[PDB]
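Only one chain is given next, in structure tokens, and it is the form deposited without the named molecule.
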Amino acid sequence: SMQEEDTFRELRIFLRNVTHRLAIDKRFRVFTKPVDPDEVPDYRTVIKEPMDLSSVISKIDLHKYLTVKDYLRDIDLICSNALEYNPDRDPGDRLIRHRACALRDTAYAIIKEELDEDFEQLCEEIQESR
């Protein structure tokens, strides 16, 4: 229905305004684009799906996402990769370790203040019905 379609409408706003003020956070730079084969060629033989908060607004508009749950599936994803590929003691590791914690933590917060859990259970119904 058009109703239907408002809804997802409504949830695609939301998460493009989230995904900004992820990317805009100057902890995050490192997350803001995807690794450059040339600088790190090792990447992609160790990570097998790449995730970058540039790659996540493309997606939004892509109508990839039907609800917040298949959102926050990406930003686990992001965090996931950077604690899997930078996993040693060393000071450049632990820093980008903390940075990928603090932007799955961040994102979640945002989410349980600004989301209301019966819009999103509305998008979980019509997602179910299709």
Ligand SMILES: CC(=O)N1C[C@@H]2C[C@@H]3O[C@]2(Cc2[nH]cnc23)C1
The other form holds:
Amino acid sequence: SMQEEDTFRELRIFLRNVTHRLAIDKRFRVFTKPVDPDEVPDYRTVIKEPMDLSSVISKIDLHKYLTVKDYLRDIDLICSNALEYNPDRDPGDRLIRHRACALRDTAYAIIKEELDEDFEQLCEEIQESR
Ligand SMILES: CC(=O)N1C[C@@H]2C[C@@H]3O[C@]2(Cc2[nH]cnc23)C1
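Now that the form deposited without the named molecule has been shown, please provide the structure of the form solved in complex with the named molecule.
Expanding to the full complex; the earlier chain stays at the top.
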């Protein structure tokens, strides 16, 4: 229905605003673009599904996310990729792990405060019906 397409357009507006607020935070700069194959030629042999905040905005605009749950699966993949690729005790690895955990926790906290649980349940019920 037209009302259902208005629901999904409100979901996209909401996801673009959360994603912009993560992308401007100086802590999260390392997550704003794909890892450069040139600088790190080993990255794509270890990490089988790379993800970054620029790809997330592209995916919103391609209508890839019909629920906030499917968006959070990509935020979780950015964070789990960084924990798996940078697991060592040295300060460089520990700093990127601390930033990855802060990106995940910040996204979840904005969604807990600003997403209406009945808006998310409506998106889930339209998705299930298709
Ligand atoms: C997001 C992530 O997990 N990354 C690991 C890489 C290792 C290190 O920070 C890089 C990018 C880079 N270029 C040169 N050294 C590096 C980003």
